[PDB]
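Read off the chains here:
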Amino acid sequence: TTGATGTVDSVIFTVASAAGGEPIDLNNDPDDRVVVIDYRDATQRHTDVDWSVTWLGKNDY
Amino acid sequence: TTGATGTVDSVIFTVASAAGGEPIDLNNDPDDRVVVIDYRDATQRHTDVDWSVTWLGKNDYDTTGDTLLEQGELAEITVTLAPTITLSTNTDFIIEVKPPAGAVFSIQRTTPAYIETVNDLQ
Amino acid sequence: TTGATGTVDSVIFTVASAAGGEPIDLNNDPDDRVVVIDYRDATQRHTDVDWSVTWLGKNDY
Amino acid sequence: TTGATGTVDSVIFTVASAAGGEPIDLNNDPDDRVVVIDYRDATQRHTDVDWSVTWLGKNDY
Amino acid sequence: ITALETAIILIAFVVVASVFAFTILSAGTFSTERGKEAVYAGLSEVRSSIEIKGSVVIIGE
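Chains as they are written, first to last, in PDB author numbering: chain H, 60 to 120; chain M, 60 to 181; chain O, 60 to 120; chain Q, 60 to 120; chain D, -1 to 59.
Keep in mind that the hints were calculated from the coordinates and are not lab data.
Please note that a few of the clues may not be correct.
What the hints assert, rightly or not - Sample of chain H residues at the chain M side, in silico, Cβ under 7 Å: (1) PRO89; (2) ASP91; (3) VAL95; (4) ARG104; (5) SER111; (6) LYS117; (7) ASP119.
Stated by the list, open to error - Counterexamples of contact, computed for chain D against chain O with all Cβ distances above 12 Å: (8) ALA1; (9) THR4; (10) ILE9; (11) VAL13.
Said to hold, decoys possible - With a cut-off of at most 27 Å between alpha-carbon atoms, the simulated BS3-like pairs for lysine-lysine come out as follows: (12) O/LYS117 with M/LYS157; (13) M/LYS157 with D/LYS51; (14) M/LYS117 with M/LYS157.
Just so it is clear, CB atoms sit at the ideal spot from N, CA and C, and this is done for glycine as well.
Turn these sequences into a full structure, and let the hints guide you.
Here you go:
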């Protein structure tokens, strides 16, 4: 929703492996997650929210 | 309670296993716990306070009964301080955790000058 | 008695069994003790002072 | 005195704790001080001179 | 018979190594925490500056 009283729908960002390369698992199934994402604020707090993954460029997925 | 004369309700933090993992029991029953948690500041001292645990991500607790902490699991711990222990702004406190085996660690922080509903202690 | 001229009242510490796991006795009755505790600083010395035990967590006491 | 004359050797300066934050004592008792202040000059030298402290703002003192 | 003698000696070295290892683990955890505090503390005051806006005004009774 747009305007001075708008509302946020989603937050998007990208990730990549670091220098000392070592694979990490990005499975997003709610029962096989090993990466946990939390949300915080000055009023609320929610843990283990749900998220999606899209692969860009070269991949083996 | 919020304001310049606020009052802390609970303290939350998460734990996980270390390198060369070996399971640790996280049962929180008052008669079978093997992990003891203490509270201290410059005015009072309480031992063996009560806590609850919540499992996040991949766990085997929800399926059968498991309470061991092993690879890939992540646990959240909540210590309640609401009615009995009084804590307010501008104070230093210590939470001490004593596992049955391994390392004993502490948590020293400082309550901010104005308490809100959710506060962060970087 | 708090202050710059204070006075200590008690000393507290916790113990636990080490590797090997052979049990030891922690009775504190003044006539059945097998654990003895002493105090010395630089001007006095007292032997076999009195102490009390409190059990934390799982126990059979 | 003014003009070309003496100085009340009353240099004032203020101090505060650093980033680490661990405190240190500041009692100016001549028999109990642990902070030592020296005066030096091209002509004379005086050591362990005495001083006084005044607390400002919010203090536990 | 060196056989059953050696068992008693061997246990002694193991347990003393165990208690030493326990102390190192606990000691290392404390030091890491303190180093963490210093960095977070340091970033704080560097950011905390303020400044003046506008001209200064005096009022005469």
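Results of checking the hints against the structure:
no. : hint                   : in the structure
1   : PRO89                  : violated (9 Å)
2   : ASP91                  : holds (6 Å)
3   : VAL95                  : holds (5 Å)
4   : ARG104                 : holds (5 Å)
5   : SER111                 : violated (16 Å)
6   : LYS117                 : violated (28 Å)
7   : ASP119                 : violated (22 Å)
8   : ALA1                   : holds (20 Å)
9   : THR4                   : holds (17 Å)
10  : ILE9                   : violated (7 Å)
11  : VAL13                  : violated (5 Å)
12  : O/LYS117 with M/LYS157 : holds (13 Å)
13  : M/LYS157 with D/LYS51  : violated (53 Å)
14  : M/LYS117 with M/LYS157 : holds (25 Å)
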